[PDB]
Amino acid sequence: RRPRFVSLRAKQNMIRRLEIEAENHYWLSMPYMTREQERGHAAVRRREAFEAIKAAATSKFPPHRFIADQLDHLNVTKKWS
Amino acid sequence: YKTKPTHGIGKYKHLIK
Amino acid sequence: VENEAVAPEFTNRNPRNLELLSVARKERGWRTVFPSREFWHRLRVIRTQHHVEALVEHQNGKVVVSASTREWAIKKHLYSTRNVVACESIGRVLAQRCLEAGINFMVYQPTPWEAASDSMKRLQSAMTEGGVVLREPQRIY
Amino acid sequence: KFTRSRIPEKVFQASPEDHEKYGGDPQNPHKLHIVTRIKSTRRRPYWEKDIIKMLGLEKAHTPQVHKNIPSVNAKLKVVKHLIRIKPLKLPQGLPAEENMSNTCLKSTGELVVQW
Amino acid sequence: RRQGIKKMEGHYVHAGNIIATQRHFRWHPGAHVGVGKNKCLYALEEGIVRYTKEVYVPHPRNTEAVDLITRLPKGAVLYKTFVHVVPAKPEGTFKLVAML
Amino acid sequence: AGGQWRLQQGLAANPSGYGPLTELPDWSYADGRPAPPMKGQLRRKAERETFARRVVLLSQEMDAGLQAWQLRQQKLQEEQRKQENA
RNA sequence: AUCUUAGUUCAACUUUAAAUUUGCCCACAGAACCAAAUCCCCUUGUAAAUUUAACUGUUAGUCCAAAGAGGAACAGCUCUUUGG
RNA sequence: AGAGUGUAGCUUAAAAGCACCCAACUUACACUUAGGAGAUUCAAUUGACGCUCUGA
Ligand SMILES: [Mg+2]
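Residue numbers (the working numbering), protein chains in the order written: chain Y, 971 to 1051; chain X, 135 to 151; chain A, 4 to 144; chain B, 7 to 121; chain D, 31 to 130; chain E, 208 to 293.
In short, the hints are calculated from the structure, not lab data. Treat the hints with care, since some could be wrong.
As the list claims (entries may be wrong) - A few chain D residues that don't get close to chain X, going by computed Cβ distances all over 10 Å:
{"id": "1", "residue": "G46"}
{"id": "2", "residue": "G66"}
{"id": "3", "residue": "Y109"}
As the list claims (entries may be wrong) - If you anchor each label on the Cβ, the simulated ranges turn out as follows:
{"id": "4", "chain 1": "D", "residue 1": "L130", "chain 2": "A", "residue 2": "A119", "range": "51 to 61 Å"}
{"id": "5", "chain 1": "X", "residue 1": "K147", "chain 2": "D", "residue 2": "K36", "range": "23 to 33 Å"}
{"id": "6", "chain 1": "X", "residue 1": "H148", "chain 2": "Y", "residue 2": "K1024", "range": "51 to 61 Å"}
{"id": "7", "chain 1": "X", "residue 1": "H148", "chain 2": "Y", "residue 2": "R1016", "range": "30 to 40 Å"}
{"id": "8", "chain 1": "X", "residue 1": "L149", "chain 2": "B", "residue 2": "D56", "range": "40 to 50 Å"}
As the list claims (entries may be wrong) - Heads up, simulated DSBU-like pairs for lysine-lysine below, C-alpha to C-alpha not over 30 Å straight-line:
{"id": "9", "chain 1": "B", "residue 1": "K27", "chain 2": "Y", "residue 2": "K981"}
{"id": "10", "chain 1": "X", "residue 1": "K151", "chain 2": "X", "residue 2": "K136"}
{"id": "11", "chain 1": "Y", "residue 1": "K1024", "chain 2": "B", "residue 2": "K65"}
{"id": "12", "chain 1": "D", "residue 1": "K36", "chain 2": "X", "residue 2": "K136"}
{"id": "13", "chain 1": "B", "residue 1": "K65", "chain 2": "Y", "residue 2": "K981"}
{"id": "14", "chain 1": "B", "residue 1": "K81", "chain 2": "Y", "residue 2": "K1024"}
C-beta: ideal position from N, C-alpha, C; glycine also.
Start from the sequences and build out the full structure, keeping to the hints where you can.
Given below as structure tokens:
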């Protein structure tokens, strides 16, 4: 009832995932740089990206308003003759 | 601290019979 | 006139400028361990049974002057090295050297029992009357 | 209680038996990781949902590229069980400002030009 | 109650800011770190906090410590932790005030 | 459904992935002139282009970081020789 | 916290508008004398976070994994904590 | 004869540091000190007169 009877298909699925993650273990035991070599190599891009975020956040303001848009509303009574 | 190599440097009770 | 070109930020690389103006930071704190190190130039007297040495040293461990019985120029005027007169002579020499070295201030931090003893009181009085003072100005915040 | 897991470094030590089992090499490692998500963020702690949201791995398989530097590996060692990492292979070199719009990534992980 | 560190290593602490609130003397004061009546540690001089391990030489005026150090073998020492503030800014600068 | 076999032969697991089926133009005009490409092809070209640009950008940054480290090692290991004279 | 636990107020969380610039992750270093992990930040992946103006609404939930205290180490048992 | 070869009892001093000495030391004395005593073993880096030791 409460206990189950783990099938063979489930074992094979679990072994598939175990193998994938063992490959993941392998592809992470060889980094291109070290802790000290990497330090700073991305500073310029990070600074520029955050400055882009800042310039976006500090640009909010109401949109312009044109006389043409206001006077176009008189078209709602345009007639032939 | 406990998770540092300097742990157990302040011990003195064991230095008293 | 062009020759009046002055930096509006005058520097002074002297290592005792703010020291002598009584504006340099004394290292406060350490309120749980004697000796306290809220000073600039500490005096220390080492008394080993063979030789006695009186030294004046900055807060950072740098010895600025010394007066040791190990000196051959002071060995001769002594039949021993533990006499009170030995302390008197070495303290007098230390005071003379301090005066000639630009140090006219000091702090002495003895130990209660070692302070009560008259032996080191003799040296303290001798160096005090020598010209140096055993107490420093207050920092001027 | 249930807590973050600090994986001992001993596991991340390729052996002489592992090296000839996958197409890798101790010396001259590989620049970029191509990473895909093969598991759900749901049913997992928030300190993995956030990591996945940060590596750009929000969508399913949808491969994405990352540097092979320890600052990113530290993040991939937390989500290593919800991702497949393969090494990008460049047997024709980085493309030029021409051939950027005519590239292709094959299932073996090789980036190539003009299919 | 919250009797623990409140400024950790490598933090910029201004004058008067409390470094650590404690019950017993877990962290002894060091350079520029003053103590209050309740053993709180506070930063006397603006700067950066560091923690170190040093030798302990209690006041002879105190009694519960001057005697225990008297019960220790040759070559023994009581080491203990200290929290210092390396000051950051200099005391002051000199600027032109009058050209006469 | 042979995704295992297709990936074992360097093909896409999904025949609707990348292949002649999905990216060749589905039609031309009767005369012979080609047709305005399909939206899916445009979107896949755009996404592959962005993938390539990201690849080149990250690789360039890593190489430049290695070169910067080389320069710093030079200017800290050799400028100590300037203190070894006089 | 409440003559209070069938409710209210404050906080925490949520929402909108607005201002600004750092927020999260995070190695090395660091946190006491008397096991899991936690705290703190350089970088790095990211694009969010703080602040201001203005309101309402929810609040003492169930189950599962785990560590504890109470009832056996049980009674599908009351309670605290990390996660889902 | 002769193999190592030698700082006062001791050593990591280039003429150094440690208790052995003594004396007043509230509930004894070591602690805290009043004060005093011990070597480059010698002739000009090399050899012997001293030692654990080597045949006698
Ligand atoms: Mg940090």
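Cβ separation check - D/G46 to all of chain X, threshold 10 Å:
It holds; D/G46 is separated from chain X by about 27 Å at its closest Cβ, greater than 10 Å.
Given the hint that D/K36 pairs with X/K136, does the C-alpha gap stay at or below 30 Å?
Cα-Cα ~19 Å, so holds.
Hinted pair B/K27 and Y/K981, Cα distance within 30 Å:
Distance of about 23 Å is within 30 Å: holds.
Assuming the hint says 40 to 50 Å, is it satisfied by the Cβ distance from X/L149 to B/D56 or not?
Taking Cβ atoms as reference, X/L149 and B/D56 lie about 49 Å apart, which means the hint holds.
Range first: 51 to 61 Å. Now tell me if the beta carbons of X/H148 and Y/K1024 are that far apart.
Check passed, 58 Å falls within 51 to 61 Å.
Holds or violated: are the alpha carbons of B/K81 and Y/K1024 at most 30 Å from each other?
With a Cα-Cα distance of about 26 Å, the restraint between B/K81 and Y/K1024 holds, given a limit of 30 Å.
D/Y109 non-interfacial with respect to chain X [C-beta, more than 10 Å]
violated, 5 Å
30 Å limit on alpha-carbon distance, applied to hinted pair Y/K1024 and B/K65:
holds, 27 Å
Is it the case that D/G66 keeps its Cβ farther than 10 Å from each residue Cβ in chain X?
D/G66 is indeed farther than 10 Å from all Cβ atoms of chain X, at 23 Å.
Range hint 51 to 61 Å: satisfied by the CB atoms of D/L130 and A/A119?
The hinted range 51 to 61 Å holds for D/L130 and A/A119, with Cβ atoms some 56 Å apart.
Regarding the pair B/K65 and Y/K981, is the alpha-carbon distance no greater than 30 Å?
Cα-Cα ~27 Å, so holds.
Are X/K147 and D/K36 spaced within 23 to 33 Å by their CB atoms?
Since X/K147 and D/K36 have Cβ atoms about 29 Å apart, the given range 23 to 33 Å holds.
In this structure, the hints that do not hold are numbers 3 and 7, in rising order.
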